[PDB]
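Given chain H, put chains G, A, C and E in place with the hints provided.
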Amino acid sequence: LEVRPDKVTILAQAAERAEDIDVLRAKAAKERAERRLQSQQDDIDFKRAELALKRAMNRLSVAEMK
Amino acid sequence: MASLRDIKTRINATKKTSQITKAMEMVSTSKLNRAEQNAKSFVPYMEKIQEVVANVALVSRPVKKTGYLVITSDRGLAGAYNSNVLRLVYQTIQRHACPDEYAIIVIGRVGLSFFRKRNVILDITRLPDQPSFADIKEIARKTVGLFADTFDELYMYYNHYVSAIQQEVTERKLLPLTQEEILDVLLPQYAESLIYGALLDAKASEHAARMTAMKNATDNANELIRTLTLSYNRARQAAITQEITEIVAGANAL
Amino acid sequence: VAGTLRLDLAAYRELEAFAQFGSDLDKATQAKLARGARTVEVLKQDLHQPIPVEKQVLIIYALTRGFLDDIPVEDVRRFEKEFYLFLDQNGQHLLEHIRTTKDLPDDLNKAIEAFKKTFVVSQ
Amino acid sequence: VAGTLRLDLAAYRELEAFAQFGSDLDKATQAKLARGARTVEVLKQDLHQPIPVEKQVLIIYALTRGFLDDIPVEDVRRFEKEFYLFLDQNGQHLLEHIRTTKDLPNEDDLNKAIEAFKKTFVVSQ
Amino acid sequence: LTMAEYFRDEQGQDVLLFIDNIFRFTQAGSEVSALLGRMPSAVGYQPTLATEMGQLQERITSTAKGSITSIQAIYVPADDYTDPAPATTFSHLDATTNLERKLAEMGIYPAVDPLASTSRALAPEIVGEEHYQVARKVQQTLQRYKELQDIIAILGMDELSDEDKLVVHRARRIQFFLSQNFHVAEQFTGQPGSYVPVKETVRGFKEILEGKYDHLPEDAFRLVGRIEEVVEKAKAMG
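Protein chains in written order, with the authors' numbering: chain H, 68 to 133; chain G, 1 to 58, 69 to 104, 106 to 130, 133 to 162, 164 to 192, 209 to 284; chain A, 378 to 482, 485 to 502; chain C, 378 to 502; chain E, 233 to 470.
Derived by calculation from the structure, the hints in this document are not laboratory data.
Misleading hints may appear alongside valid ones.
[As the list claims (entries may be wrong)] Pairs of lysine to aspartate or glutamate, DMTMM-like flavour, derived with a Cα cap of 20 Å:
| hint | chain 1 | residue 1 | chain 2 | residue 2 |
| --- | --- | --- | --- | --- |
| 1 | E | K334 | A | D486 |
| 2 | G | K22 | E | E379 |
| 3 | G | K245 | A | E393 |
| 4 | H | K121 | C | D401 |
| 5 | C | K479 | C | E431 |
| 6 | G | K22 | E | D311 |
| 7 | G | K16 | C | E393 |
| 8 | G | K15 | G | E36 |
| 9 | G | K22 | H | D110 |
| 10 | E | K444 | E | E418 |
| 11 | C | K404 | H | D112 |
| 12 | G | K150 | H | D109 |
| 13 | G | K15 | H | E131 |
| 14 | H | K94 | G | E151 |
| 15 | G | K150 | H | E83 |
| 16 | G | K15 | E | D311 |
| 17 | H | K74 | G | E51 |
| 18 | A | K404 | G | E151 |
[Stated by the list, open to error] Far from chain E, some chain G residues (derived; all Cβ distances over 12 Å):
| hint | residue |
| --- | --- |
| 19 | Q19 |
| 20 | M46 |
| 21 | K48 |
| 22 | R97 |
| 23 | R106 |
| 24 | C109 |
| 25 | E273 |
Positions of the beta carbon are idealized from the N, C-alpha and C atoms, including for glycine.
So that you can see chain H by itself, here it is in the shape it has in the complex:
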């Protein structure tokens, strides 16, 4: 808590305008958790990309040069 005569700063690792209950910020710490793991797409595009990059290189884009 930064208490200044003219201002109050609340540092929070995690803060969500939430109800009386706390066992919500956990709820938000929940519905956000795996819904951040679900971000395999991040990984999987790059796969498909590292894929294409090694399929245009498959034809050995140079056969003994030429």
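Leaving out everything else, chains G, A, C and E in the frame of chain H:
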């Protein structure tokens, strides 16, 4: 010498390569200008920490220097973004002491890849969210990073960010020299804070280093065209010359 | 309405080599694609079904002014289809000026007169 | 046996724009890869060393059922030399049935299958 | 050509000979060659190609009396600069005016590309340092502004290295001051058009390259004559 239809196969291969390359450059350029968004969004929290950590006039050198924290990506095609950091790490470990001592935490497979075969591993991090690094599951690493203290005095290894793609690798250090007296709460929230910032600047580099490495390839691939366009024309010529010479020489025979 | 048509289609040709990698769809480069993929739809025509210039310039108008843009590609083709009839009944006066003058100096009326349709169309 | 030999070899020629990803997450497809990379070793033969059909369909059998997988890709060539001598001695019955009838189970199933357990289980590292 | 040579030798003038697509010529060349039953040469080209081209060009020059300058629109064969057809032509070339649709889209006419369109006359030995210096420089300041196109979409027009921002600024005015008033254009424009000697054109550039103009708006040097005209183009009146 060589073919023609074997010179086409190469052109088109190169072309589809440049395509895929330049794709990702733009794609990784789209992940630089989202690094700020989560870079900015962290600007305040940092300000209002050093402002708190103003330091009363009323844990200094304890014993040793031990563990590191080494920031990377999981994905490749980043230029040297990986090898570099994974060099300083490997140097100032073996430039350090040479027992199985001096322990380790890594972010991103590519790091754990080298670190693994070499030995001295402590933790793991995989699947960081890319331009939006989830401040959450790095919070689990502050815990492991601190609670580990089994430890003394860690250093963090990663690449910084200056202006789009230009960057350099660093060792800023951390776990030393910069109710009442609550350090039990600032010590932790001051590491969670640093290990995080380290990422944002690490990633900012990653995307950048990739944004570029995916330009170098595009640019280079584009030159592979010139080198082939030339050899295609030449083989386009000798071919149309042989065909004709064949068609006449077969007429004079009549 | 033809001058800009080449543009929108131009960029889209130099751009839409990238979608699958566009999983990160970025910039406003998404906007160029936007009506771009839509113009293509408008450029797709039936067979054995010619289109008179009158009600042609109007559809080549719609998308190029955004009066199309609020409609997804799924519905672009089956839009211009009744936007014709909608005209053959209610703009039958408008498309006339298009005939007898081969001009649209129109710009004002159609601009509003195009809404008369989207504001009654299905989805 | 030679039938699936095509499939195994097929994928390997075709999964091989994939094997980079390796494990990152490639799932059941490093599996089809495993014996793939093994099978090539099987299709490897040394100059001036003709192999009779009988025992030939036995090694082209072992790998095509897993009997060669518990062994590393870089130990396959040795496995041929090996499992074959010990066929020439250990067991002998299935080494020319495949000849006589020249067809079919070569030992019903259980025999071959378990007789393949014979030499595997007796081999080296 | 013949009609031209007249005015060269009889009236000792310097006459222009335009040939729109000199490839048609060489193409007709191999085209005729066949009919006469000639055994084809590299790529079905009349074996007598070099010769037929050599005789067409050599008859184009400056005599002790007159001169004949030829502008031949070379339309190169399938984008291949090695094709015996163009490749032959190029040996007869003393210069190139490369027109590009780009510079046109921006509103620079003539559309002559400043870095592509080359020439043999550009040389100290010929035009002295003065011309060669400024001229070789004005090209440099362009191939700078051209490459920074990538970095400008990166670090933007801010703090991109001030030794560069000066380039980007000066360069814009320069490629703008390459556009000129064409008399022929007066038909539909109304501005009478320009004729600037090399002398004039050297100064206007050297001065701009000294930055003596960096304080003036872009749309100044865009379609004008002598540098002095750009200056008068600064009276926005009232």
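**Q.** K15(G) paired with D311(E) [C-alpha distance capped at 20 Å]
**A.** Holds - the C-alpha atoms of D311(E) and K15(G) are around 17 Å apart, at most 20 Å.
Q. CA of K94(H) to CA of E151(G), is that 20 Å or under?
A. holds, 19 Å
Q. Hey, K245(G) versus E393(A), does the alpha-carbon distance stay inside 20 Å?
A. The hint holds at about 19 Å.
Q.
Need the status of pair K444(E), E418(E): alpha-carbon distance at most 20 Å?
A. Roughly 30 Å between the alpha carbons, so the hint for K444(E) and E418(E) is violated.
Q: Verify that the Cβ of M46(G) lies farther than 12 Å from every Cβ atom of chain E, and report whether the claim holds or is violated.
A: holds, 23 Å
Q: Taking the shortest Cβ-to-Cβ distance between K48(G) and chain E, state whether it exceeds 12 Å.
A: Holds, since 28 Å exceeds 12 Å.
**Q.** Holds or violated: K22(G) to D311(E), with C-alpha atoms at most 20 Å apart
**A.** It is violated: about 24 Å lies between the C-alpha atoms, which goes past 20 Å.
Q: Would you mind confirming whether the straight-line C-alpha gap from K121(H) to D401(C) stays at or under 20 Å?
A: holds, 16 Å
Q) Is it correct that the beta-carbon of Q19(G) has no partner in chain E closer than or equal to 12 Å? A) For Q19(G), whose nearest Cβ neighbour in chain E is about 18 Å away, the distance exceeds 12 Å, so it holds.
Q: Compare the distance between the alpha carbons of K150(G) and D109(H) with 20 Å, and conclude whether the hinted pair is satisfied.
A: holds, 16 Å
**Q.** Assertion that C109(G) lies outside the chain E interface [Cβ separation over 12 Å]
**A.** holds, 44 Å
Q: Sort out whether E379(E) lies within 20 Å of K22(G), counting only the CA atoms.
A: holds, 17 Å
Hint violations for this structure: numbers 1, 6, 8, 10, 18, 25, all remaining hints satisfied.
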